[PDB]
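Can you build the whole structure from these sequences, using the hints too?
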Amino acid sequence: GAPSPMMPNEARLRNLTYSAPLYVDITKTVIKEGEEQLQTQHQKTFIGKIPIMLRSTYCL
Amino acid sequence: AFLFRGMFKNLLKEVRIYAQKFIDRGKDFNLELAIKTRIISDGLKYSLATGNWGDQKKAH
Amino acid sequence: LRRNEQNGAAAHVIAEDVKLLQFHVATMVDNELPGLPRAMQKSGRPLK
RNA sequence: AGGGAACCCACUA
DNA sequence: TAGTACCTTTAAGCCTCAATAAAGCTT
DNA sequence: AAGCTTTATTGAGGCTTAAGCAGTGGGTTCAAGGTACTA
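Chains A, B and C are the protein sequences, given in the same order.
Residue numbering for the first sequence follows my numbering, beginning at 1 and increasing consecutively.
Residue numbering for the second sequence follows my numbering, beginning at 61 and increasing consecutively.
Residue numbering for the third sequence follows my numbering, beginning at 121 and increasing consecutively.
Take these hints with a grain of salt, some might be off.
Unchecked claim - Taking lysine-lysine and the DSSO-like style, the derived pairs with C-alpha atoms no more than 30 Å apart in a straight line are: (1) B:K117 - B:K73; (2) A:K28 - B:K81; (3) A:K44 - A:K28; (4) B:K73 - A:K44; (5) A:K28 - B:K87.
If you're looking for bench data, these hints aren't it; they were derived computationally from the structure.
Laid out in structure tokens, this is it:
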């Protein structure tokens, strides 16, 4: 479970997908009858892995 | 982006389905556990690997 | 359908099950009938 | 002494 | 109480409707 | 009398079926995740 920077050649050899993780921020506000709101911050939740085009900006 | 619009729409659909199932029970949901991160991941991976530009169930 | 006849049921239920049996026989013979769903498998590939 | 199918794509004349 | 097994593209034919018109039945 | 009514032609719409031959090769996915239930 430890993240390591995957090189494209290692992705070619090990049959991996050369993809980068996509993290998004969600703010959860709870509205309850007769009650206020609470804004909770889930910063950088993983929502998937975007395949990276080689030699683009977010390639290694 | 045409792929990612549909897959992010499906991500929000499954988040609303999960949270609806966990508010009809009168409980709280874990939002970091609500996100089905494999919707974007294997959807992009499938469409780039096969070349069919859509979902797995609409290959024709 | 035979079970729902022996464990007797509604005419609507028997009608729908006869309709499904008719669809299944027809798609076992021909799976290209227009104005009709394809007999696809769970993966979505239509049966031959 | 020989356990795959289907589809897609590229190609050959 | 954690864990494993099961539930669910177009081009040419043919056929079949609505719409007509002499012609016999009934003024 | 001139009105009424019936069986054979037309025109458009819908259905069906077809769309070259013979070769290589690769690539992917089929067969998949919730579950309901125990020793």
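query: Does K28 (chain A) pair with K87 (chain B) here, judged by a C-alpha cut-off of 30 Å?
result: holds (15 Å)
message: With the threshold set at 30 Å, check whether the alpha-carbon distance from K117 (chain B) to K73 (chain B) stays at or below it.
response: Holds, at about 17 Å.
- prompt: Is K44 (chain A) within 30 Å of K28 (chain A), Cα to Cα?
  reply: holds (13 Å)
message: For a C-alpha distance cap of 30 Å, please report whether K73 (chain B) and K44 (chain A) respect it.
response: Judged against 30 Å, a Cα distance of about 20 Å means the pair holds.
field: Hint consistency between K28 (chain A) and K81 (chain B) [alpha-carbon to alpha-carbon, up to 30 Å]
entry: holds (17 Å)
Going down the numbered hints, you'll see the structure goes against none, and every one checks out.
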